[PDB]
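Okay, here we've got a single chain as structure tokens, the form deposited without glutathione (GSH), with questions on binding and movement later.
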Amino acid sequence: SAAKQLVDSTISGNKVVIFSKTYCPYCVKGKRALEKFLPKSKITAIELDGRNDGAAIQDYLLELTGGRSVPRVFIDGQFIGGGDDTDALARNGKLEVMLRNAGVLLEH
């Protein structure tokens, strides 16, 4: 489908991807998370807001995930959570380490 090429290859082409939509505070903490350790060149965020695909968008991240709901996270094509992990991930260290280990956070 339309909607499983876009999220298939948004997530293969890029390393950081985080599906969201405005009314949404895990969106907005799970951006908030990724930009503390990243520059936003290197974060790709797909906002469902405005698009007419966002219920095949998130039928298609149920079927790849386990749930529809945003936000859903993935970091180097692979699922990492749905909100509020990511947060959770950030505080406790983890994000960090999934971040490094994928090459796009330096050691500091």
Second form
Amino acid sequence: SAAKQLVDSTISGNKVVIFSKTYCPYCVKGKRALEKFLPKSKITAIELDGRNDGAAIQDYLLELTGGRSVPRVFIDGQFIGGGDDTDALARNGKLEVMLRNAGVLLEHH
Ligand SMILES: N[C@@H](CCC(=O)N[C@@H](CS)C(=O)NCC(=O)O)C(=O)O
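I have the form deposited without glutathione (GSH) already, so could you send the form deposited with glutathione (GSH) bound?
Full assembly next; the chain just shown is listed first.
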């Protein structure tokens, strides 16, 4: 399907992806967590309240990840969870490890 192809191609073609809705505070929280390490222009935020086929994309996200809710965050193709999860991973060091492994974050000393 178009929705499946969109999601698969997006997460395999972009290192940091957040499927989002503009109005959702969990999406905002996930974005702010990622922005501690990366600029906005390196975060691929797909707004499913803007896309006409947003519901179809959420349906595929249920198939791929186990849930439909936004956000759904992917690092180098790996689903890492929603907004609370992404914020927790930012705080606990694991997000940085994933971003460095993905080649989009340098060590800074
Ligand atoms: N605890 C979840 C909450 C996510 C959530 O429930 N988001 C709402 C929007 S505030 C949602 O997806 N609603 C259903 C929908 O938009 O389909 C997280 O951390 O991401």
